[PDB]
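Let's start with one chain on its own, the form deposited without the DNA, as structure tokens.
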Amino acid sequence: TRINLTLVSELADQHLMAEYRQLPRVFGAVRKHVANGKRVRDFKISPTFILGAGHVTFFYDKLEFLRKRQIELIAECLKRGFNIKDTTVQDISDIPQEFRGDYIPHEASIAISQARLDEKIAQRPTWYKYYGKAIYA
């Protein structure tokens, strides 16, 4: 499960879809953690955005950022003319305030996300499209 920092507007059709479907999964994990009795103090939350290891733990105190980002994924999803079922954001007010923090990525942090998206593409360019077009070479 990967969270992207790039402009939803610039995601290849495939990464948009992927993200959109995988991000709300975070919300599920914090609900299970909180069902277990965990607090944000119990997670090792990295101070800087990262890609592998504890990439997803990173957003455990960032669910408000995640929620707002869901809105744009859903709307971008729409704008593209994708056939999605689930048109409104998830209510997370059942979750303690401490997990629902906001976040603002440093331009350098976004570049990190950019690259990961950017090298998966070049991996096999013909598997990626944008607005159902093969722009990637």
Contents of the next structure:
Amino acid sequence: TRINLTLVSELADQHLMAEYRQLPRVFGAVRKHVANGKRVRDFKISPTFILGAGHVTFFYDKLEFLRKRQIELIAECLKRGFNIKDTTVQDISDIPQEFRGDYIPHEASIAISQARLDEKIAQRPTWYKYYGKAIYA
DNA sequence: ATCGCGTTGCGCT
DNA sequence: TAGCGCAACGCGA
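Got the form deposited without the DNA; any chance of the form solved in complex with the DNA too?
Next comes the full complex, this chain leading.
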């Protein structure tokens, strides 16, 4: 799974879709632990953004950032006209507030997010499209 | 109607 | 501890 701090407006159509269906994977992971009775401090949450091991856990006390991000993601998808079935931002009022914090990415964390996108496109530049067209490559 | 491709970490056994 | 498969799907060829 992967969450980017990248502005959704410049996301490659593919990276935009992958994020649409991937982001919601965190709300569910948290709900499940909450079901298991786990608390936010029973998790090794990173002090700073990271990609890889510790990545999604990082977002375990930033459910707002994502919730809000979900609204942004949904918008862009519609703009480009992708027939998405879930046009509704999910209701996370059922989760202990300790998990629902906002998060203000630092300029350095974002650049890191970009780097990944920018090296994942390069693996297949002709294949990545923006609003239907292969602007990369 | 079908097939490849997009992420990759983390929860559970 | 180690390994395994899960977890918001829809588009272009």
